[PDB]
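Asker: In case you want the letters, here they are:
Number of protein chains: 2
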Amino acid sequence: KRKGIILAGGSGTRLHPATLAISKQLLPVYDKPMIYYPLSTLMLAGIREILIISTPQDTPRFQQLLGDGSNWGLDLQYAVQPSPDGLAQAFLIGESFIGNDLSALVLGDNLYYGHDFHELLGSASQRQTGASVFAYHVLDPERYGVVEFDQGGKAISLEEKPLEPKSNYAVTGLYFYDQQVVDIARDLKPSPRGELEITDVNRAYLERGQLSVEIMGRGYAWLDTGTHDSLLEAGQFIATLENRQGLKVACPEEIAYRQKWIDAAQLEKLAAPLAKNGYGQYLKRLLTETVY
Amino acid sequence: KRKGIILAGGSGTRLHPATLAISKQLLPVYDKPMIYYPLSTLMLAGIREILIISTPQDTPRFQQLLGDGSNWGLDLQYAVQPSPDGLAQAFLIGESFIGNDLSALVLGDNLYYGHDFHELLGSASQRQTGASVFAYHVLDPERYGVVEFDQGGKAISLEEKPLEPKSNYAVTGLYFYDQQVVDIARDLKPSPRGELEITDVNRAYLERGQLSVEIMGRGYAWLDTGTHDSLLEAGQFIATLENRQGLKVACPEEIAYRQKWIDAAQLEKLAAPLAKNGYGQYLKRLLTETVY
Ligand SMILES: CN(c1c(N)n(Cc2ccccc2)c(=O)[nH]c1=O)S(=O)(=O)c1ccccc1
Ligand SMILES: CN(c1c(N)n(Cc2ccccc2)c(=O)[nH]c1=O)S(=O)(=O)c1ccccc1
Ligand SMILES: [Cl-]
Ligand SMILES: [Cl-]
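In order, the protein sequence lines correspond to chains S and H. For the first sequence, UniProt numbering assigns the number 2 to the initial residue and increments by one for each residue that follows. For the second sequence, UniProt numbering assigns the number 2 to the initial residue and increments by one for each residue that follows.
Derived from the structure by calculation, the hints contain no laboratory data. Among these hints, one or two may not hold up.
Which stretches of chain H does chain S cover? Using the computed rule of at least three CB atoms under 8 Å from a CB of chain S, they are [unchecked claim]:
| no. | segment |
| --- | --- |
| 1 | 109-123 |
| 2 | 213-219 |
Straight-line C-alpha distance at most 27 Å; calculated DSSO-like pairs for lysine-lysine [unchecked claim]:
| no. | chain 1 | residue 1 | chain 2 | residue 2 |
| --- | --- | --- | --- | --- |
| 3 | S | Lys2 | S | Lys261 |
| 4 | S | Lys285 | H | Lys167 |
| 5 | H | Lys162 | S | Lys285 |
| 6 | S | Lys162 | S | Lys190 |
| 7 | H | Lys277 | S | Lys167 |
| 8 | S | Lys162 | H | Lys285 |
| 9 | S | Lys33 | S | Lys277 |
| 10 | S | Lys261 | S | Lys33 |
| 11 | H | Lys167 | S | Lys277 |
| 12 | H | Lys270 | H | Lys285 |
| 13 | H | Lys277 | H | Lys33 |
| 14 | S | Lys167 | H | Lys285 |
| 15 | H | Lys155 | S | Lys285 |
| 16 | S | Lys285 | S | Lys261 |
| 17 | S | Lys261 | H | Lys155 |
| 18 | H | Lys167 | H | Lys155 |
| 19 | S | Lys270 | S | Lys285 |
| 20 | H | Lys261 | S | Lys155 |
| 21 | H | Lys190 | H | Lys167 |
| 22 | H | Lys270 | H | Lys33 |
| 23 | H | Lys285 | S | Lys155 |
Don't be surprised by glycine CBs; every beta carbon is placed ideally from N, CA and C.
Build the full structure now, drawing on both the sequences and the hints.
Answerer: Shown next, in the form of structure tokens:
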């Protein structure tokens, strides 16, 4: 079975003053808190048992929003990150949560969208050995881990934030790991910046021949929310799809309902308190519409 | 083989004064003229032989932009629509262009986007009998043809712009027809509004048991450009994907290049005149990037 982890840590001061109010991942993308999207993403890969790592100060705030997840058929747990020592520390912090299980790590500020996303996540979640990551063509690969391919399409190198990228293929912030991830991670020492890097972990799988790098196609939307401009862009986007469709993106209640993790009576009950606004009215409509 | 048709007709005065300047389908969605999207859509379904129907006044303008299509591996032809007698008149006007072949009709102001769009269009283009259309969940099904399904998911009725819709499933403006389409069409008389309706044609296939209605999923983007607000929304959208990816949506040159309809020397030649701007630089980069 596969446990999940959301890294919803500090972005420091780089989005202040917006974020003096609350954590980045509490800020909304259009109509719902940023963290609903990566949560919804782990739910879509069929993952029910999730660890949220954030700062000591923001843990309670996430707790208040999300609880223990039992309202939605989930078991949500929390772990505090004291210092921003890199995202590969997620595995050490999360070491007893993980235990002997498989895992998935997602960034709390990435936004995914597209057709058959459920199936793309299934095929990486389905593999019970090695590691699986997604490469997505971007304008600015310097901002991310960057995968290099040989003429045959096989991954041959990874580099973290290179000043001179080998490709425009960025590694997305959504990752799948077998039971080897903790131990590889424990053998890491901090990078020149002073962080435990996810790229160093993925590289170790690569050298073992156990890294699968699947392409996320250009028909998928991968966005993030690292600047005020891009956050804004992300809101417009979702808003446009939602107002077009009469359907929501990353509605956790709906997803749990479609995963069969809660039933129509439980859904109606979550809808009860929110009946006056468009969101509770949306969850009520899902009881009596067939949506393909 | 399958011929294509683009209906890029009058929107009257309903977008004036923007459109006193030029036809709607000449207006740009972000960086390229509206008509590049439905053109690109027919190209993606593997269609090379295309009839553009527009007003007498706009035919030359389309001609000037697009030519005979031979620059892009296409054979583009033109036919004038004198009066706005409905979109089912496309088949009568287009009757000798169609001849004994299969066909596809697309609206000149619809925007499609998503993963495996190429494969969704292939599976309807592949069928050599009957008709195939796509139903897409929308907020406002009153604006469109609306398909009804039975508990099993089978189409059981179609209605044009109903005041009291049976579902939120709109029939998109992208349609595939066998050789029966002209004759069915010739048996149509104008609706109460005074138009030859596409819904009446699709209904006739439905009653013959020869209408396939495939769902276009919520992971696809279906947008249109009927109002100034929505046009604007469509531009933002495309712009967001393009600036994110460093990739274009509905670049006809690129598509013809990937269809193998033109070669790397022809592409370089189309790039030559546009070298100074971002678009010609984009076509040059496609000569030497591998894009999955
Ligand atoms: C639009 N997407 C989506 C989908 N596709 N669905 C339908 C669904 C729900 C569960 C498993 C497969 C499909 C849904 O109920 N809510 C959604 O937001 S999605 O696959 O692109 C998605 C799913 C979760 C988070 C972000 C996007
Ligand atoms: C993003 N899309 C797209 C794609 N997918 N491609 C790649 C491609 C090109 C030809 C056949 C299959 C895939 C492309 O070269 N240009 C594109 O705009 S698309 O399928 O959503 C599309 C294609 C044509 C018009 C509008 C969207
Ligand atoms: Cl794709
Ligand atoms: Cl879908």
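Asker: With reference to the structure, classify each hint as holding or not holding.
Answerer: Consistency of the hints with the structure:
Counting residues of the segment 109-123 of chain H whose beta carbon lies closer than 8 Å to any beta carbon of chain S gives 5, which meets the minimum of three for the stated coverage. Counting residues of the segment 213-219 of chain H whose beta-carbon sits less than 8 Å from any beta-carbon of chain S gives 3, enough to reach three: the coverage restraint holds. With a CA separation close to 17 Å, the supplied pair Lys2 (chain S) and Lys261 (chain S) stays within the 27 Å bound. Between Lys285 (chain S) and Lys167 (chain H), the direct Cα distance comes to roughly 18 Å. Compliance with the 27 Å bound is thereby established for this hinted pair.
Using a Cα cut-off of 27 Å, the hinted pair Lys162 (chain H) and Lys285 (chain S) holds, with the two alpha carbons roughly 26 Å apart. Restraint check: the Cα-Cα separation between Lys162 (chain S) and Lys190 (chain S) comes to about 18 Å, which is no more than 27 Å; the hinted pair holds. A C-alpha spacing of about 25 Å is found between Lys277 (chain H) and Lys167 (chain S), which places the hinted pair at or below 27 Å, so the restraint holds. Using a Cα cut-off of 27 Å, the hinted pair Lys162 (chain S) and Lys285 (chain H) holds, with the two alpha carbons roughly 26 Å apart.
The hinted pair formed by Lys33 (chain S) and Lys277 (chain S) meets the criterion: a straight-line CA distance of about 16 Å does not exceed 27 Å. For the proposed pair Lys261 (chain S) and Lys33 (chain S), the alpha carbon gap of about 22 Å is at most 27 Å, so the pair holds. In summary, the hint linking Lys167 (chain H) to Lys277 (chain S) is supported, as the alpha carbons are separated by about 25 Å, within the 27 Å threshold. Proposed proximity of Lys270 (chain H) and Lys285 (chain H) is supported: the alpha carbons are some 9 Å apart, at most 27 Å.
Distance restraint check for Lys277 (chain H) and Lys33 (chain H): the Cα-Cα separation of roughly 16 Å lies within the 27 Å cut-off, and the hinted pair is therefore satisfied. With a CA separation close to 18 Å, the supplied pair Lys167 (chain S) and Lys285 (chain H) stays within the 27 Å bound. Restraint check: the Cα-Cα separation between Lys155 (chain H) and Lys285 (chain S) comes to about 25 Å, which is no more than 27 Å; the hinted pair holds. Using a Cα cut-off of 27 Å, the hinted pair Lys285 (chain S) and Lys261 (chain S) holds, with the two alpha carbons roughly 16 Å apart.
Pair hint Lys261 (chain S) plus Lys155 (chain H) holds up; C-alpha atoms about 24 Å apart against a cutoff of 27 Å. For the suggested pair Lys167 (chain H) and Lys155 (chain H), the alpha carbons sit about 14 Å apart, so the restraint of at most 27 Å is met. With a C-alpha separation of about 9 Å, the suggested pair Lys270 (chain S) and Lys285 (chain S) falls inside the 27 Å cut-off, and the hint holds. For the suggested pair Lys261 (chain H) and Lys155 (chain S), the alpha carbons sit about 24 Å apart, so the restraint of at most 27 Å is met.
Restraint check for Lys190 (chain H) and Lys167 (chain H): satisfied, since their Cα atoms lie roughly 25 Å apart, inside the 27 Å limit. For the suggested pair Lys270 (chain H) and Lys33 (chain H), the alpha carbons sit about 19 Å apart, so the restraint of at most 27 Å is met. A C-alpha spacing of about 25 Å is found between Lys285 (chain H) and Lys155 (chain S), which places the hinted pair at or below 27 Å, so the restraint holds.
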